[PDB]
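Consider the single chain below, provided in structure tokens and representing the form deposited in one PDB entry.
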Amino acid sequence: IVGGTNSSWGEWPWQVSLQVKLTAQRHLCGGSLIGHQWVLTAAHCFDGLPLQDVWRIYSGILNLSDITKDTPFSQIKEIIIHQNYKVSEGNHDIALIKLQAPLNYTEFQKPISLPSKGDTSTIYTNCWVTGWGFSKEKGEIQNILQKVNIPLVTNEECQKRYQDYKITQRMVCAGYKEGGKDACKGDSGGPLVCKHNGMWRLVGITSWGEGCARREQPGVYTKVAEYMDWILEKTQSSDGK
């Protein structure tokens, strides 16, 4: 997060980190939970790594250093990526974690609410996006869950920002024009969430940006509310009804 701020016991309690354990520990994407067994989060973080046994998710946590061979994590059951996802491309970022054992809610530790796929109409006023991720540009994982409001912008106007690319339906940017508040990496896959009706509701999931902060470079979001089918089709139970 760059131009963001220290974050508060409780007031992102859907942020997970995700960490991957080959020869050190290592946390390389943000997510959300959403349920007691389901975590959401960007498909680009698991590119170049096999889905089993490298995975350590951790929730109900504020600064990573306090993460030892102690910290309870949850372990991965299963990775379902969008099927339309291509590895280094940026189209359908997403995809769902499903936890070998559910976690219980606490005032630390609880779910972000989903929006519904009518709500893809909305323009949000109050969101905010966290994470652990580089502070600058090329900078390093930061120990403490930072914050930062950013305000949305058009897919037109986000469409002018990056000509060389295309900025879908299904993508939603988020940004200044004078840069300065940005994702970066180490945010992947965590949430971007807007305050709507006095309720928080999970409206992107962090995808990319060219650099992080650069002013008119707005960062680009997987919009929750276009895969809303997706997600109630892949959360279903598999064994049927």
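For clarity, a rigid core is taken as the largest C-alpha set superposing within 1.5 Å between two forms. Residue numbers count along the first chain shown, from 1. What changes on going to the form deposited in another entry:
Per-residue Cα shift between the two forms after core alignment stays below 2 Å for all of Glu140, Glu78, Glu156, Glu89 except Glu89. Taking 2 Å as the criterion, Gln109 does not count as shifted between the two forms: its C-alpha moves by less than this amount when the rigid core is aligned. With the core superposed, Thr120 shows a C-alpha displacement of at least 2 Å between the two forms.
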The other form holds:
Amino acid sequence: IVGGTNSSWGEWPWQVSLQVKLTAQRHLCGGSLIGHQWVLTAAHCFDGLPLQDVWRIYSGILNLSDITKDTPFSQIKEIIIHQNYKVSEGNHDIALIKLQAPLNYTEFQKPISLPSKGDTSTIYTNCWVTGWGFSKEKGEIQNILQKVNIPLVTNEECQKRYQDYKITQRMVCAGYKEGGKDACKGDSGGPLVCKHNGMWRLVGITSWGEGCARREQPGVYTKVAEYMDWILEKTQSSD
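Mind giving me the form deposited in another entry, seeing as the form deposited in one PDB entry was just shown?
Here you get just the chain by itself.
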């Protein structure tokens, strides 16, 4: 996260850190707890990965340097990557992770609410993006979970900054014309959440953008509302 600040406990209780351990352990991506055994993230977080035994999923963690050998973590039971996701194209950048055991809910470990199918994002005026990603281009993973407030931009305005990618109805964009606030490397798969009438909901999944926090280059997010049939079908069929 570029231009963000340090979060406090319980602000973002759905945020998880998706890490791998081979010989060393590292944070790779963010995710959102959406059910007691389900995390929602980006499909591209699985590109160039070994099988799922490598993954350690941390929830109820604010600060990655607070993690020790004895910190509990979740392991993966199933990975469901959207059937029509193709890496060079980038559309349908969405994936479900089923955990090996359900998590008990606490004030620091709770699921984010999901939107309805058919939702126009025009009612969301207070949106935030969180993660442990770089704080600048060519930067480094941050220890304390970062938060930043970013306005949504219309798909029409977003499309002007991105020839030659098509910005589809299944994407949502967010950024400042002047730049300086954005998601960055290591924030993939994390939440774009908006607060409406006292409650937070997941509007987007952190996906792509040009560099980080550049002028006139908004971040692009998978629009969760446009995949709610898929999310419901896949989690029900699995469960």
